[PDB]
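Just the one chain here, the form solved without this ligand, laid out as structure tokens.
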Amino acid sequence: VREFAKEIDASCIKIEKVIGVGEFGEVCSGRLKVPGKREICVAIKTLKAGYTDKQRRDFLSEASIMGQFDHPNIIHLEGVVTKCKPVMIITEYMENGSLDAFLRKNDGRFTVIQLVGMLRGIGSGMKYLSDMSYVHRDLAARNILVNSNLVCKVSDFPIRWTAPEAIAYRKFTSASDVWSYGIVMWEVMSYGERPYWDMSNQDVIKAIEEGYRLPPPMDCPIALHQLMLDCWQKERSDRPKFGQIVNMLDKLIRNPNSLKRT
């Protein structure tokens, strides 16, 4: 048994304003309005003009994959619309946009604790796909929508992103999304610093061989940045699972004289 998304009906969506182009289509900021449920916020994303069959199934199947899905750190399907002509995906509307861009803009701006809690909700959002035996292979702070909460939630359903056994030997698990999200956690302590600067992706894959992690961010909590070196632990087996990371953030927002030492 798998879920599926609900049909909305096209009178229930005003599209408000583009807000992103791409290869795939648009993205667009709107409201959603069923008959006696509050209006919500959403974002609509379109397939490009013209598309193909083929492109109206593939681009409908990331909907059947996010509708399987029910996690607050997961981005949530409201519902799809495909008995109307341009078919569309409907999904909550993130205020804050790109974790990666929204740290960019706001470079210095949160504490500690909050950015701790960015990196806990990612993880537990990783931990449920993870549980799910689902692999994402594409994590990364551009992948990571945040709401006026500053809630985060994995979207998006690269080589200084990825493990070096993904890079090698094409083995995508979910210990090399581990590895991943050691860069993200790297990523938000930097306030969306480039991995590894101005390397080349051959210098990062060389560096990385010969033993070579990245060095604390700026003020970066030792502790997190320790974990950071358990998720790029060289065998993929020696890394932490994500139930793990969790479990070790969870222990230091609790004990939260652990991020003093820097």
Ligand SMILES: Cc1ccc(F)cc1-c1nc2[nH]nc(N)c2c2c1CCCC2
The other form holds:
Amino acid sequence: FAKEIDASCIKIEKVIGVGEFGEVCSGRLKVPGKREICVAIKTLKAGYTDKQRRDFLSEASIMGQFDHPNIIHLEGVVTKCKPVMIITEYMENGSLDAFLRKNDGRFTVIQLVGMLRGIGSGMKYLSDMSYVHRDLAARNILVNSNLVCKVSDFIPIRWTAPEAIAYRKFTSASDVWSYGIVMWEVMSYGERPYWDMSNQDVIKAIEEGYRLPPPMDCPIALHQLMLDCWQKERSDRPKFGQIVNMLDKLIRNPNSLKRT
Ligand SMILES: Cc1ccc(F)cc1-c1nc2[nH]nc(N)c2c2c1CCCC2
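Mind giving me the form deposited with this ligand bound, seeing as the form solved without this ligand was just shown?
Once more the chain from above appears, this time first in line as the rest of the complex follows.
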């Protein structure tokens, strides 16, 4: 379950984002005898019904099940008071996509692989627990000042495995397809998968065996892993545990990254 936070322990600073669901703010959380931390705060949109509130505190419930360094950390919720809130750890560099696009070219290959290794590690934990994300993309990964990447966001054609589009068959294996797309996003500093191709173009390309090329200057071993993730038969794709082990190995033997 999710912890109740006394609203007096919370100080809101600024609105950092908006959406149909409401607003996300940044602020500070100070519990007595504990160090103050920065936090992000998600609030339910004005005039919400009881149904909507329940659907909101349901997302906190789910998040509350996860305790892993690469999954966004739930501080708690406010429910004694109005409006309801969900409080998470503050992630200084925000969303991964936006982040890479503002820093195009600035990191090393090894740093990028580190980010991908963290994301892979969070997805292994998620799928270990029989949870399917369904919406895995760089926009739904958050990034802290130490470049630690954490899975967030508890449909998008370009990111979705063929069997999930065709049969609405969503599993950890279609999450692995999506992870492959994330690797490509990362190594490209946030380029749009499939560029100006339309959704229909993408669907038919995939079906005919088209797969995205290496991003510019991307190691061959990394692109080969993307290709593994995009195997047509879902059973042919690597498991997240194998993805993480492969990335540890590339990291452990940095010469394997030389070939581009
Ligand atoms: C507030 C919130 C609730 C649920 C959830 F899954 C994630 C969050 C959350 N936590 C955050 N920490 N640091 C951020 N920059 C940040 C953001 C969000 C959501 C919108 C994007 C920004």
